[PDB]
Structures are given as structure tokens and as C-alpha cells.
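Starting off, we have a lone chain in the form deposited without this ligand, written out as C-alpha cells.
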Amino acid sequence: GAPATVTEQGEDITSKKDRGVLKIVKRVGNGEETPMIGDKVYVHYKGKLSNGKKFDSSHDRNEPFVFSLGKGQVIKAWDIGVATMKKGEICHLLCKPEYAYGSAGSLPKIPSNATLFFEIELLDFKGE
């Protein structure tokens, strides 16, 4: 399925080239511009654990998730991966724990040492 495909066929987007964050573009977005550090970014997402359980979805809440890019407000895989996206793009990201919640995990649903799969849509980005 999609997690296996990104694991085996995804592109390493890390600057370290350590395969910690792998990406596949699923829906090509608009234009060429990617968001800037500090921009307000608006995303829809769904996350799954490696055991197949869905742990989060903004679609289910009927509102996007909003954060300032490149500020550590989200897991490192999201700062790195959203910075590569175009407006309107949908991608899959596979996130090793070193780019996610590490040995701590995150209650209630994310265990220690968890590799995470996301589908992310970049809805919009705005500076000031």
C-alpha cells in the first residue's frame, strides 16, 4: 500500500541524506514557488502508524492545521517536507523517529521509536 510504496520508492529530501524523510508527490501543485521560512502555512493531513492505525486527521475536524514554517512548531519531517511543496500539492511523507517523536513518542497514540506515514496537502501559504 501507500506506506510501503513511499518506503521503497520515495525520494530522500533530507539535507543529511540519511533517508530520514522520504517523499512522493501525489498531486502536482501550482507554479514553482514553495513557502518561505516564517510563512503561515495551511495544511490538511492524515497520519498513520506503521501498524496501520490512523492516529490523526485534520479532514475529520473540518478545519486545516496552521503553523509557521521552519520554527520547530511541528515535527522536523514537516518543517523539511512542507518547505518542498507547492501550493495545491499533495504528497506522502515517511518519517523516521529521528525526524518525528523519537524515543519519547507522543501520547495518546504515538509509541516510542515510531516511523510515521503522512498524506499532506498544502492548501496555502502567506507571509506578512
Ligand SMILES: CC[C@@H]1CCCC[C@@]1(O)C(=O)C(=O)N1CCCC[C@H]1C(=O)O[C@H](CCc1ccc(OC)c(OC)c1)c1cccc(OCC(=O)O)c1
The other form holds:
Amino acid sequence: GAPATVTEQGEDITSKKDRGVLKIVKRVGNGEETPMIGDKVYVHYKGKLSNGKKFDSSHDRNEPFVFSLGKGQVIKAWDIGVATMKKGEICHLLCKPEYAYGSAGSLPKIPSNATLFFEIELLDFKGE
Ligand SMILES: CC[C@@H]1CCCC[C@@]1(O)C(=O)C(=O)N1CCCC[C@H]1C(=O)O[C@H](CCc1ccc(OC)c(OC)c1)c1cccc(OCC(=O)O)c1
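Next, report the structure of the form solved in complex with this ligand; the form deposited without this ligand has already been given.
The complete assembly is shown below, putting the previous chain first.
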């Protein structure tokens, strides 16, 4: 499924090149430039465990998810992944636990040492 496709075909977008965050662009965005640090970003997302078990989707509640990029307001994989996106883009990310919830997890939905899959749509962003 989608997570395996990211394992096989995803680009390693980590600074360390440790495959901790792997990315596939599923829909090219028409925005010209990536957001800057501190920019307010607006996204929709789906989150699943790497085995395909869904844990959340912003669409369930018709609520864009909003945060300031590159400030540690979200798990590391998201600061890394969203920094690579263009407005209008949809990507798939596969995120090793080091770049997500680590050994603690986020119980009940996310176990210890979980690799996470996300689909992320960058709806918009605005300058810091
Ligand atoms: C277990 C699933 C998780 C449960 C809390 C709500 C979000 C959640 O359902 C989820 O899908 C998730 O895993 N998210 C939400 C979408 C962005 C990616 C990811 C996330 O980063 O959630 C954080 C969780 C708190 C957090 C912040 C920073 C961290 O490291 C720098 C971190 O490391 C483990 C953990 C999040 C971020 C912002 C808002 C969140 O909830 C709403 C709120 O607090 O207003 C939740």
C-alpha cells in the first residue's frame, strides 16, 4: 500500500540521510516556492501507522491543521517534510520513530517505536 510505496520509492529528505523521513510527491503544487521558517502553514492530513491502521484525519472534522513551520510545534518529520512542499502539493511521508514519537509513542493510538505514514496537502502558507 502507500507506506510500502514510500519505502521503495520515497526520497530521503533528512539532513542526516538516515531514511528517517521519506517523501513522495503525489500531486505537484502550483506554488513557486517552499515556505520560510516561521511561516504559518495550513494543511490537511491523513495519519496511519506503517501497517495501514488509521489514527487521524483532519478531513474528518473539516478543520485545516495550522502551525508555524520550523519551530518544534509538530513532530520533527513534519517540520522536515512540510519545509519541502509547495502550495497545492500533496505528498506522502514515511516517518521513523526518531522523527516522530520515539520510544514513548502516543498511546493509545501510536505504539512505542512506531513508523508513521502521513498524507499531507499544503493548502496555504503566510509569511512569519
Ligand atoms: C496520536 C495522534 C495525535 C494525537 C494528538 C492530536 C494529533 C494526532 O491525532 C496526530 O495526527 C499527530 O500525530 N499529529 C497531528 C498533525 C501533525 C503531526 C502530528 C503532531 O505533530 O502532533 C503534535 C503532537 C504534539 C507534539 C508536538 C511537538 C513535538 O516535537 C517537537 C512532538 O514530539 C513528540 C509532539 C501536535 C502538534 C500541534 C497540535 C496538536 O494538537 C492540537 C493542539 O495542541 O492544539 C498536536
